[PDB]
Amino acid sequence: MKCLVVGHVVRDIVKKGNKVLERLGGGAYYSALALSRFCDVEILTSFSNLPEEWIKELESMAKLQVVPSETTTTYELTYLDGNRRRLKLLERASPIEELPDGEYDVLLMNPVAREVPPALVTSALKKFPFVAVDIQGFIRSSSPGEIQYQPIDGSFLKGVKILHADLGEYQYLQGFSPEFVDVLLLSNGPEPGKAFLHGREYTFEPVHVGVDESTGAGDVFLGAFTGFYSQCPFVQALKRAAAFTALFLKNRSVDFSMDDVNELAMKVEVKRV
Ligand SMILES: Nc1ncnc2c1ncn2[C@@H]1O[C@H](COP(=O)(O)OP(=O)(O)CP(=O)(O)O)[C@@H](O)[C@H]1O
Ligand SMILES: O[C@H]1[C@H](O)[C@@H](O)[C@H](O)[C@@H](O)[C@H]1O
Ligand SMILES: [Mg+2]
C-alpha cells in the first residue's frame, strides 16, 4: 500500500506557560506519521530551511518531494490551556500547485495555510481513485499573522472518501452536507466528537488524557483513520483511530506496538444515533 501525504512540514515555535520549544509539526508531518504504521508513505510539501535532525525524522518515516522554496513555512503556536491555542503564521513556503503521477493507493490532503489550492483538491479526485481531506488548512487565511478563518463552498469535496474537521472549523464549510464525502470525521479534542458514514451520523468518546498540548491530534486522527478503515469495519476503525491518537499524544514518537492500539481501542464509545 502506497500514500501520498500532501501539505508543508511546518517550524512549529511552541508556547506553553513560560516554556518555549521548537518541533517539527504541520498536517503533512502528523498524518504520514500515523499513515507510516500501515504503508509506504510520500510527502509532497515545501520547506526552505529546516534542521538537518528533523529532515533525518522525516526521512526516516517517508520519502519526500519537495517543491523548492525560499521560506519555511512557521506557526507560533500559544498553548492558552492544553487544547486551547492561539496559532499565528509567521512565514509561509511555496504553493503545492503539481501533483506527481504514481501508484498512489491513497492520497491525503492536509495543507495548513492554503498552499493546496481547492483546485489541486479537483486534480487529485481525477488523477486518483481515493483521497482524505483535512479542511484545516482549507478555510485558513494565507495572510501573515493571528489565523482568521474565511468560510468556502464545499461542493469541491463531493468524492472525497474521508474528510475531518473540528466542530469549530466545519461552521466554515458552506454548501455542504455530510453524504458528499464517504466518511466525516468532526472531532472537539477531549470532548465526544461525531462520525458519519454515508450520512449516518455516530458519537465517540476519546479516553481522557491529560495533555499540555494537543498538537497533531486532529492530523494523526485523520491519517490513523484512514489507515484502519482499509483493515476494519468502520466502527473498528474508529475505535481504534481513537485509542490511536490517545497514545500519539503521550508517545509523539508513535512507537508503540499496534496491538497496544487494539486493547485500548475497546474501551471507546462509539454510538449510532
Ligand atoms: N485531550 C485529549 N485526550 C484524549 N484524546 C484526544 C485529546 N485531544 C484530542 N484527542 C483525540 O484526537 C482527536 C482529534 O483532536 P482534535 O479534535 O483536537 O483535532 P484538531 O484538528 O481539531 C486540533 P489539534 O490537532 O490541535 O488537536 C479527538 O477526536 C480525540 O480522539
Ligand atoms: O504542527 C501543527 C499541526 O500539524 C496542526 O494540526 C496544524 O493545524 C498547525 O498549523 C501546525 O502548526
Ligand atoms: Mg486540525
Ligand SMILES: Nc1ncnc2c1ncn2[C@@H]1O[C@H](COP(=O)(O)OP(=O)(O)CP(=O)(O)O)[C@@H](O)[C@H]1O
The other form holds:
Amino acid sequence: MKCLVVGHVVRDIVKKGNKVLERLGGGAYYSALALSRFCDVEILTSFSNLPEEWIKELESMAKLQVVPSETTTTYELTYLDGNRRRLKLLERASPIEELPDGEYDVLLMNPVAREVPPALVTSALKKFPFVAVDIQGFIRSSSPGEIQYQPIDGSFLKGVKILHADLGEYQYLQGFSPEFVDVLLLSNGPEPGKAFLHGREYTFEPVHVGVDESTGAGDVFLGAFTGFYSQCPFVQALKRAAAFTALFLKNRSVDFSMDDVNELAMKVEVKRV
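May I ask for the structure of the form deposited without the named molecule now, the form solved in complex with the named molecule having been displayed?
The next block holds one chain only.
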C-alpha cells in the first residue's frame, strides 16, 4: 500500500510552567506516524529548516517531499493544565497547491492552517481514487497570532471517503451533511464520539486511558481508522482505530503489536443509533 499525507509539520515552542522546550508537531506528522503501520507513507509538507533529529524522526517512518520555503510553520504552545494548551501562530511555511503525479492508494489531507486550499481537495477527488481529510486545518485561520476557527463552506468535501473533525469544530462546516462523505468521524477528546457510515449514526467510546496528555490523538485516530478500514468492515475498523489510538497515547509511539490492538479493540463500545 502507498499513502500520501499532506500538510505542514511544525516547530512547537512549548511552555509548561517555568520550562520551555521545542518539539516537532503538526497533524500531518501524527497521521503519517499512524498510517506507517499500514502503508509506505510519503509526506508532502513545507518548511525551511528543522532540527536534524526531527528530520530523522520524519524519515524513520515516511519519505519527505518538501515544498521549498523561506519559512517554517511555528507555534507557541502554552499549557494551561495537564492537557489544554493555547496556540499562537508565529511563522508559516509555503502553501501546498500542487500534488505529485503517480498512483496512491490513500491521499490523506491534514493541514495545520489553510496551507491546502479546498480547490486542491476538489481536483484531488477527481484524480485520486481514495481521499481522507482532517478538517482542522481547513477551519483554523492562517492569520498570525492566537488560533481562531472561521466558518467555511463544506460542499467541496462531497466524495471524500473519510472525514475527521472534533465535535466542537463541526459547527464551522456550513452547507455540509454527514452523507457527503462515506465515513464521518467526530471526536470529543476522552468523551464519547460519533461516527457516520453513509449518514447513519453510531456512537463510540474511546478507551479510558489514564494519561491526561493527548497531543496527536485525533490525527492518530484518523490515520489508524484509514489503515484499518482498508482491511476491516466499518465497526471493527472503528474499534481497532480507538484501540490503536489508546496504545499510542499510553506509549507516545507506534511501537506496539497489532495483537495488543486487537485484544483491546474487542472491548471498545460501539452502538448503532
